[PDB]
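In what follows, a structure is listed as structure tokens, so that the remarks can point back to it.
Other chains dropped; remaining ones untouched in position.
The chains carry the letters A and B, assigned in the order they are written, with residues numbered from 1 in each.
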Amino acid sequence: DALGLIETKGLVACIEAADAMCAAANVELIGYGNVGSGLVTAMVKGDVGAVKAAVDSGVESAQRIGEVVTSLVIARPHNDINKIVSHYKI
Amino acid sequence: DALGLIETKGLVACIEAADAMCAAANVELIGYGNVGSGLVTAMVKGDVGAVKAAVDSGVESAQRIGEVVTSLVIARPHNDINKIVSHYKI
């Protein structure tokens, strides 16, 4: 499954990004990460079309109330980076 | 139930935001989060009318003693977002 990632400054913007992602398309929130300096990431999985729609919508909504630092869609994550994703399982 | 969120710079401003939210309307404090860089979040739940009144009042009171970084009302949180909220259960 494709992976969608949105990193924001602050928890509230990230919750808003996550809410908008799950509203926009058939994706599942599977990862949540905080690495300090206020950087908070939400991770979703789904088909690549759904993840792209989700991340687009999540970025637009989070930018309305806070700073989006980074966003990313990986259509086919290599099997090793699932070590990092599972490190942030929820 | 609707979700209300206030993120402040520092713990004292957040406690003031939480106190003002619970004083202003019939909402319950159900989440508390710290993600570093001094960003501290209080989360309340209730009916959307109560949550909106609470967040408005919390932002107004917290801004008197500190910096409110972001605030948010989600009238109908998607079921996946409760994974993040329950991660910050108190």
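Everything that follows uses one rule, which is that contacts are C-beta pairs under 8 Å (C-beta built on N, C-alpha and C of every residue); 3 or more make two chains touch, one makes a residue touch a chain.
Here 2 copies sit in place, and the number of copies making up the whole complex of this structure is 6.
In this text, only the chains that are shown with their structure count from here on.
The angle of the rotation superposing subunit A on subunit B, based on CA atoms and rounded to the nearest 5, is 60 degrees.
Each chain gets a centre from the mean of its Cα atoms; for subunit A and subunit B, those two points are 22 Å apart. Subunit A makes touch with subunit B in their complex at residues 9-16, 18-19, 22-23, 28-29, 32, 34, 36-40, 42, 65-66, 90. Taken in their complex, subunit B has these residues touching subunit A: 5-7, 33, 35-39, 41, 69-72, 74, 77-81, 83-85, 87-88.
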